[PDB]
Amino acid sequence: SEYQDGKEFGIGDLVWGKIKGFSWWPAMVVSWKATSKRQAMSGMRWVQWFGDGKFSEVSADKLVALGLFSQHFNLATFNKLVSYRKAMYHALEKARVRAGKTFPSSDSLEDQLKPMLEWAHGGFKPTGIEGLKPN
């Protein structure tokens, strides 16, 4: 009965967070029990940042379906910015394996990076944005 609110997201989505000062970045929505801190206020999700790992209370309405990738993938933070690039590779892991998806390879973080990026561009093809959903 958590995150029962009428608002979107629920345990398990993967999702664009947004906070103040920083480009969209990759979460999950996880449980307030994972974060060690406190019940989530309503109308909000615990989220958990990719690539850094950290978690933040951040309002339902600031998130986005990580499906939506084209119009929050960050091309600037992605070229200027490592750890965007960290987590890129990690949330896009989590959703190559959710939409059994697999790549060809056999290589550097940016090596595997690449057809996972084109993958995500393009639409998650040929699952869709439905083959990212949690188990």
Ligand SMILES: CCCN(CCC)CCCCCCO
Second form
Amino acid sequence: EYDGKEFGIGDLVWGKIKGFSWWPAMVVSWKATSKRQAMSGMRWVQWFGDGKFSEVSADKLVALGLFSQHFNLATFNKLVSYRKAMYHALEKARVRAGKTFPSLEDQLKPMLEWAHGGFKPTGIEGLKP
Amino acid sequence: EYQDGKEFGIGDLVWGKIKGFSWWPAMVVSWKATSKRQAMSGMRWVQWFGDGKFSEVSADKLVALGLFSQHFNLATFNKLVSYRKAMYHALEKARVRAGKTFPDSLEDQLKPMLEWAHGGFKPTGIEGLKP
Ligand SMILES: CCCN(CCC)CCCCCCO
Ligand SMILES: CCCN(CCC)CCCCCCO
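Switching forms now, from the form deposited without 6-dipropylamino-1-hexanol (96K) to the form solved in complex with 6-dipropylamino-1-hexanol (96K), please provide the structure.
Every chain and every other molecule in the complex is listed next, the one we just looked at coming first.
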């Protein structure tokens, strides 16, 4: 923990599992999961919004920093769970990036703008553990 | 729960810092107390004294309540009755845990508990605040 592959503990990522759009998450240690060690090539991630754990292939994870590419507007409008997930993921992104902003969709607005805009001034660097 | 290599576990009395508020006393709780969800790794559910609400707070924006004089905010204390009430509930919990006793308005009961806390929780020291 953690096989040659990408991503380590604390990284903010989008992860893709069956039945769900790309979904924001944080790579965690298997010890945080109360479950089991991850198989080689896999990563435990904890999903923002519901705090649940999934073992996901490192090959189906991308940096949260690739934001606009993987943000899914339709899902965002359809599912309140996705919007909450976005809030909590960007909230963590914010704090790590020493970021400051002035309701759910109210707080989300400057967060999303900051994300879609490249996480300036820190850039992606501000999202690292 | 909370096996992420960070400080603080269930029942700990802490000051927690969130946006728009002074450092505020709280108790670390299990996510099960919250009716919400598991905290993100590196974070803790805390329940704020005074209003009993739950917030998910990074363990790095938490400090032991025992570090009292450092995080007690006198301006907030003088300004907000909610903060004074929170102090009362936080310190009463600390007091019972510490095995401390003192000899009545809110501020009347608060007075020796604050002196106690501000003086370093004598004679137990901060160790007596453990759950
Ligand atoms: C509505 C939120 C649902 N999210 C989906 C995120 C992709 C939780 C999925 C839980 C999967 C556990 C085992 O793999
Ligand atoms: C006046 C009392 C204020 N309390 C505690 C302040 C730290 C309000 C906390 C809001 C909880 C929402 C979830 O995060």
